[PDB]
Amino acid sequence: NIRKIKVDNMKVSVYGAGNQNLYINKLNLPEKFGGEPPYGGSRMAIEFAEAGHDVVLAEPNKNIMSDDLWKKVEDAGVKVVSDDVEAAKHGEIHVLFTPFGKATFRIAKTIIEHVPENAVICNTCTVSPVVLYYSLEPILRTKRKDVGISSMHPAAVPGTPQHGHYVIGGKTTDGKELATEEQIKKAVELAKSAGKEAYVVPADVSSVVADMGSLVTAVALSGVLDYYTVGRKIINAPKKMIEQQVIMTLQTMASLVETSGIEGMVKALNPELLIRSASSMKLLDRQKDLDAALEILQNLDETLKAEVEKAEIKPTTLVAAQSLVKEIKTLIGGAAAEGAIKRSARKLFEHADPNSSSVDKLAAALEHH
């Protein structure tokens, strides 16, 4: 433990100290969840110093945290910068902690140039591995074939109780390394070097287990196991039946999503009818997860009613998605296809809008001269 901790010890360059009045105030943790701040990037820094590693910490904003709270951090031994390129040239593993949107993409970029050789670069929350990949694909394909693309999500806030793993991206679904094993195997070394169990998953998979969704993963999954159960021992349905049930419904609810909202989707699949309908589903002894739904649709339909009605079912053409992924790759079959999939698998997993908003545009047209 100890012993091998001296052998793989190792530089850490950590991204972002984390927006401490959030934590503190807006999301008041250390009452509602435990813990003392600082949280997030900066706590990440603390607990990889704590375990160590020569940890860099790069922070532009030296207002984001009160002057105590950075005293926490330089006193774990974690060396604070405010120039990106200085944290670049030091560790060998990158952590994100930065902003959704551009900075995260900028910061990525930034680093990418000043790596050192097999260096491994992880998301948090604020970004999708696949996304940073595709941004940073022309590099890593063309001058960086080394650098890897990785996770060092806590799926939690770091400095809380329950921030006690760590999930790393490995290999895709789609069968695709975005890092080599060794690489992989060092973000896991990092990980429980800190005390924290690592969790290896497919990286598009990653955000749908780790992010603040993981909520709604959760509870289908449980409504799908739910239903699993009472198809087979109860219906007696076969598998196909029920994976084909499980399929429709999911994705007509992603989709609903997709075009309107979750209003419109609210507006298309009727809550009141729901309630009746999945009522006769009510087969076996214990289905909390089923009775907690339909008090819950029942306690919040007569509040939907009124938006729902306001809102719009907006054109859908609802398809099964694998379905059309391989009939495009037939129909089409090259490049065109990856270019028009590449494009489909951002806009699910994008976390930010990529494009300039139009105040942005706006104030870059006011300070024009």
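Positions refer to the first chain, counted from 1. What changes on going to the form deposited in another entry:
- Of the two rigid parts that account for the motion between the two forms, one contains both residue 119 and residue 200.
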Given for the second form:
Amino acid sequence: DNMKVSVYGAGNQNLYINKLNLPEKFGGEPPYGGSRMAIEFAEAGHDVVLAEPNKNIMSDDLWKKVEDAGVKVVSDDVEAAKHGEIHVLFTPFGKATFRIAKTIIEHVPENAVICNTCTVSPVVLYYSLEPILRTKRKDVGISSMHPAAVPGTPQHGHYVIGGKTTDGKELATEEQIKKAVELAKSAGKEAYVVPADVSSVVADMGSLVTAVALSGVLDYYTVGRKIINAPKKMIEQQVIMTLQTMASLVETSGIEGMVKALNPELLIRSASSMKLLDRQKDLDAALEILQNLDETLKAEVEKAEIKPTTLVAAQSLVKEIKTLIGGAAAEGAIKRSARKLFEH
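Alternative state: the form deposited in another entry, after the form deposited in one PDB entry:
Keep in mind that what follows is only the chain, not its partners or any molecules around it.
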């Protein structure tokens, strides 16, 4: 393939090189992140444009490397928009990802696909563009290419690609998803297609939380079934209640408000009595962490306010709303409320 590829954002080389010291702490050599993605795509033979308005985002010697790989660098996102059949956003969190996506959407070629990388779930990106996608650009697809490590480090061995959602929504066509997969594979990375509604949870930075929370769920699942012989449905209900309540508390009250509501001291005492099995290293680590909370953090937790939080069964509620106001109106409600939290 000789795909036309546009990458947006060179990546913050000061962060990677000078703050985090990736070369020594992880390995590889600069540049890292989006400009490295561009280099790898160009070396795989694709026709690559890198859009980066801020020339000072890396040293002259690193720009040399980008250029030597055959990457064409432009400062104007619209020029990049017109070039690519696939558009890869390596963009600074928040308004930048949404801003650039909204900037390029009116200019990308017929049937183009736009992919986020580390910032924003593809479902949220889709929602942010939905007024345009639903009508004038029904041809444009949304997907993602989550590296799961910083590109340029030896830890970067694959991409996670957001495909058809678990509830059957196709945010991009099969042809568009195949382009993302090939782009990942042509650059020697493995490519894993995952439902777009879960892709960011398995690959982005928050995967730390996913991994730790999951180990806790499995720990309890084992204790519950193998020691207590609690019914499976009950164990599942308790897991749902805990994860939902924490998510809802963070949503209304922030991390500190959530911490205030759950009360680490009380939590430690109850969780302690669940120390039963041979090795529950997750539980041991958790008890040590909660009992030695940051001095500033404890003070910031006591200052926090617990806001009104509604107990819900979320997927059961989604079904309830679909039957109540109809599929179209429910999806509208889900879209608008998702945007208000994750975009606005």
